[PDB]
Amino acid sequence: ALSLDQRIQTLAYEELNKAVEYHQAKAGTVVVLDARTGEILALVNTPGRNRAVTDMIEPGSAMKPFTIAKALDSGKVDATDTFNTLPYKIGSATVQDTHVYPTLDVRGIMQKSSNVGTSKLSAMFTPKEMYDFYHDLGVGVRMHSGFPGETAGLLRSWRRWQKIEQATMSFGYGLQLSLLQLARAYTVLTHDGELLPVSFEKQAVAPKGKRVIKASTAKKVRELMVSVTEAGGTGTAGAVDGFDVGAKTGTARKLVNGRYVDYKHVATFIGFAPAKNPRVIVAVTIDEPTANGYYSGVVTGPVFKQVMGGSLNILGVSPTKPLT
């Protein structure tokens, strides 16, 4: 049997189509994973190929939690450490944030999705250390999910990097992966530090995880990511009533379209809930929205919110707090 839940699949389908129509977008995808098994509970695309597995993107902000995780896991920094987050130069290139803050602590770097903060955390590590981390999350590696046309994505050898490349990678540009690979990497956060395999078949035996970070680190990162969906965070559009939700949102970039070169902005939202004890990961992309908003959060947040909320309802998970 398939691992897909027809009620979640149906919900995902309706919410994706509603968003694609409303924002007059070119394409879209939703993935829902079981947060502790890696089983696919839903996977839907707009008509055509299976973009979730075939198409790679530069993920943007959705990649940021991983640099934070690596930093915390090393013991080198703590969530309360403060960084200078003013824009700065690497040769002629500038690293800067959407909204400028002079300083942020690591919690703030997550909450505000700071490119500068994330890049400075990454810069505590060597190119080899960061490459090895990204490789261990599955970037540039085949999932062997059983789908045909599955992309490995793109992770350039660190032996060829520039300083600017290590920086841009920390905030999700300069490496590429599919939405399914991204959802899979989030199992490191939800399955207490262990990367799970992805499958669309009903599991017969418990999957073996591969440890990437400590369980304690994964728990801390989940706590920090709740700040993104709360007041002051960049991801409040994906907040789910009655639950704490860890998430990221950002504009991703699509540089390849099937077998052809392309250049498109892609709105993205990805997260998990309930944050303390996650049951599901929901990932959404919408390619080239042209109406009623271009900001990532307004485009994909409402679909994430409905799919996450509905999935928890369908799986029988009780709200952890009273509804508003």
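Numbering follows the first chain given and starts at 1. Each form is matched to the other, and the largest set of C-alpha atoms that superpose within 1.5 Å is called the rigid core. What changes on going to the form deposited in another entry:
- Only one entry in 220, 191, 254, 120 has its C-alpha moved by 2 angstroms or more between these two forms when the rigid core is superposed, and that entry is 254.
- Once both forms are fitted on their rigid core, the CA atom of residue 276 lies less than 2 Å apart between these two forms.
- A displacement of less than 2 angstroms separates the C-alpha positions of residue 26 between these two forms, with the rigid core held in common.
We have the form deposited in one PDB entry; now please give the form deposited in another entry.
Shown below: the chain alone.
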């Protein structure tokens, strides 16, 4: 028997289709995982191939929690540390944020989705340390999910990284993974620091997780990620009534012919709830919205909200706070 929950599958399908229609987008996908087992509760794509497993995207800002996790886990950074987040150069490349903040603490880097702050965290580590961490999250690794045509994604050897590439990989460019790989990587945060295998079969034995970060680090990162869905974060459209939700938005210019183009984007929204003791991960991507807005928050945040909210209801998880 499949691990798929048909009521979640139905909800995800309807919500995805509504958003793809409304935003006149090219394509999209939803993955729902069990946060403590890695079982696939739902996996839906717009018509055609199984893009969730076959296609690789650059994660963009959806990678930033991992860079933050690695920093905190090393003991070298505390969440209250403040960083200079002004634009700066690497060789003759510029790292800069959409909206300039002079300084941000780690909570701020998460909340506001700072490229500069993320790159400063990664710059405390060597290429080999960062590569090993991305590898350990499963980037460029086969999941062996049972799906045919499953991509391993792309993680170039650290032996060939330029300094700019370390920076850009820390905020999610130059490495690639499927939506299912990206949802899987979030089990590190939900399953107390251990990466889980993904499966579409009902589990019979407790899955063997592989330790990537300390449980204390995973807990802290989940707490920081609630900032994304509260006032001041990029991801308030994904807030769910009655729960605290940890999430990350991602808005990427689309890589098309080796070029990154400024008039095509890919919107990603990934999160988990309840944030303190999560039951589910929901990941959403919509490719090339064209109806006006293209930011993750407006395009994918409402599908995340409805699928997460509906999923928690279906699985019989009580709200942790009064509905409003």
